Every structure is written in C-alpha cells, then in structure tokens.
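The form solved without S-Thalidomide is given below as one chain in structure tokens.
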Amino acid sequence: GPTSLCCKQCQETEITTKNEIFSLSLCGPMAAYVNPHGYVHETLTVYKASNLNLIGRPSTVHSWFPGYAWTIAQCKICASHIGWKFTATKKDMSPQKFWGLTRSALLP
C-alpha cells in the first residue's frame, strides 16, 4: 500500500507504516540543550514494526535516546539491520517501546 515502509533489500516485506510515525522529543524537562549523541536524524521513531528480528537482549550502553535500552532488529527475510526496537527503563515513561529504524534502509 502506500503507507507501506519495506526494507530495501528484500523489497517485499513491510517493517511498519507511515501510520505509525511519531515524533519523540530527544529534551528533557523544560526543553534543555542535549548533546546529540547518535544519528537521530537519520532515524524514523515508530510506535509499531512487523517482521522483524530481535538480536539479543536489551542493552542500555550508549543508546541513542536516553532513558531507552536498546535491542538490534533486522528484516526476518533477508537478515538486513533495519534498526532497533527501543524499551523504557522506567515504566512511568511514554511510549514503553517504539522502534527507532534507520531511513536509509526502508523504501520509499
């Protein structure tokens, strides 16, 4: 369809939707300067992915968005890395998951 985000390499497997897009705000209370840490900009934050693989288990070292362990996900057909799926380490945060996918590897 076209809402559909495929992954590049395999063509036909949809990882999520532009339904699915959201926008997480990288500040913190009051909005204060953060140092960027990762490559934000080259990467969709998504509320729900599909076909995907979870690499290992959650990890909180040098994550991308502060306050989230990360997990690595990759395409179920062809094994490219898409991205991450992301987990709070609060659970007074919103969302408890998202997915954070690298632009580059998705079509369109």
The other form holds:
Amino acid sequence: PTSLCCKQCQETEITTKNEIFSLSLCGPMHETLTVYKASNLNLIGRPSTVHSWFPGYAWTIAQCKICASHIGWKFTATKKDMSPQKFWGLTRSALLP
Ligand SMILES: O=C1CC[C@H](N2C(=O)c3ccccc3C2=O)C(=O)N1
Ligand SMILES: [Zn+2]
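Next, report the structure of the form deposited with S-Thalidomide bound; the form solved without S-Thalidomide has already been given.
Expanding to the full complex; the earlier chain stays at the top.
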C-alpha cells in the first residue's frame, strides 16, 4: 500500500514510499528513486566511484534477492562529513507500482 515491490517477481518489498527522499535541488542551482532504506536486495561486488550519478558517493550494484533483477544501487559516501552516509538509488521502472 505504501509498498514498492520488485516488478519482475512481485515477491519482495524493496522499499516503501515512506523512505523516499530527494537529493535534487529545488532552486536555480525523475527516473531514479532515492530512498534512505531498502530491503531484500543483494549487493554485488565492491563500491566504485566511476561515473557516479551522485558526486561524493560510490555505487554498488543491488539486485532482488529472489529473482536477481537489477533494481538499483547502494550509494555510500566517500567522506565522513556527508549525510546521508548511505542511501539507495532505485530504477523506478524496476518497481511496482
Ligand atoms: O552512479 C552510477 C551507478 C552505476 C552506473 N553505471 C551503469 O549503469 C553502467 C552500465 C555500463 C557501464 C558502466 C555503468 C555505470 O557506471 C553509472 O553510470 N553511475
Ligand atoms: Zn524479484
């Protein structure tokens, strides 16, 4: 009901609408959902900063633990003075609804 599930297998809740937050700027200074918390995702490999969509963070591939659908990434801060230190960037089209 606030629940966002893996579109491919529909088994797993990956996150909730309660966890959604925005890193995009609202003044003169979409496709990827950013949430504080997620569940039922397996991380693949090790963090990388290459081509990072969120400067200051590294990314690790995150896939549904059941069906292995590539749902998004875990982003982890490269510096201690950043907040949050970690979040999830999820491909919207990989989630239901
Ligand atoms: O923050 C991110 C997450 C990883 C994402 N990524 C991809 O989706 C991708 C596909 C193929 C080759 C290389 C990449 C890449 O770095 C990307 O470009 N930036
Ligand atoms: Zn799945």
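The term rigid core refers to the maximal set of C-alpha atoms that superpose within 1.5 Å between the two forms. Residue numbers count along the first chain shown, from 1.
Core superposition between these two forms, C-alpha change of residue 96 at least 2 Å: Where the cores coincide, residue 96 shows only a C-alpha shift between these two forms that is less than 2 Å.
Residue shift check between these two forms, rigid core fit, residue 11 Cα at least 2 Å: Not so; residue 11 is displaced by less than 2 Å.
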